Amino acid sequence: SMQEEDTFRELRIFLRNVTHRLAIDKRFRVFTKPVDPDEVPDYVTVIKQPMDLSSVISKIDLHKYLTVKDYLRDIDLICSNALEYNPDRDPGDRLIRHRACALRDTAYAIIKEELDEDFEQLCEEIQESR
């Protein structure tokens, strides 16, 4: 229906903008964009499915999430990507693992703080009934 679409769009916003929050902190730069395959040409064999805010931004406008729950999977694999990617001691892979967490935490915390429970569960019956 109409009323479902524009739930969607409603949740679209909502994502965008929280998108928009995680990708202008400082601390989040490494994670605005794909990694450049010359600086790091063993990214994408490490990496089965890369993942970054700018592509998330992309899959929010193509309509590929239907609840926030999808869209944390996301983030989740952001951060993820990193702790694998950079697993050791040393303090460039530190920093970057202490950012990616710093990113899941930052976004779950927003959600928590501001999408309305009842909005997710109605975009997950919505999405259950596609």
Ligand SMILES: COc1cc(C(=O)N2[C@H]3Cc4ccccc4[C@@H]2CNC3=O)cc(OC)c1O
The other form holds:
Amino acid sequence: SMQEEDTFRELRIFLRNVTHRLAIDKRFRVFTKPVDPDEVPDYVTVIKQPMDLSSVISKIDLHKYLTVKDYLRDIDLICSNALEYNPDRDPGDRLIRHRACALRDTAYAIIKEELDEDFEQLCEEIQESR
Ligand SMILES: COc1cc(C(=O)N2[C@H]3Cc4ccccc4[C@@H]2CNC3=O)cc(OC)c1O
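So the form deposited without the named molecule is up there; where is the form solved in complex with the named molecule?
Full assembly next; the chain just shown is listed first.
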């Protein structure tokens, strides 16, 4: 229905705003665009599902997220991809893992403080009915 389309449009607006706040945070710069294979050649072969904040914006706009849970699965993927690709003890790997974890923690914390749980519940119920 049109009321259901209004619900998903509100969800999209909410998701774009959270994503924008992550994207402008200096710590999360390396997650703003896809990992370039010319700068990191083995990435696309090791990481099966690359994910970054620009691709998240693209997926919001294509109506790929019908719930906050679906969006958070992609935020989790930005984090898990960095934990998997950079697992070493060296400072370079530890810094990207800490930034990855901080990106995930920030997204969850924004959603915990600003998302009405009845709004998410409505999205899930419209999703389950389709
Ligand atoms: C997100 O995961 C990674 C990111 C980088 C990294 O420093 N990047 C990546 C992505 C990117 C995107 C926007 C701006 C800067 C950057 C820098 C430079 N070029 C890149 O391709 C390195 C990683 O491992 C060596 C790695 O797992």
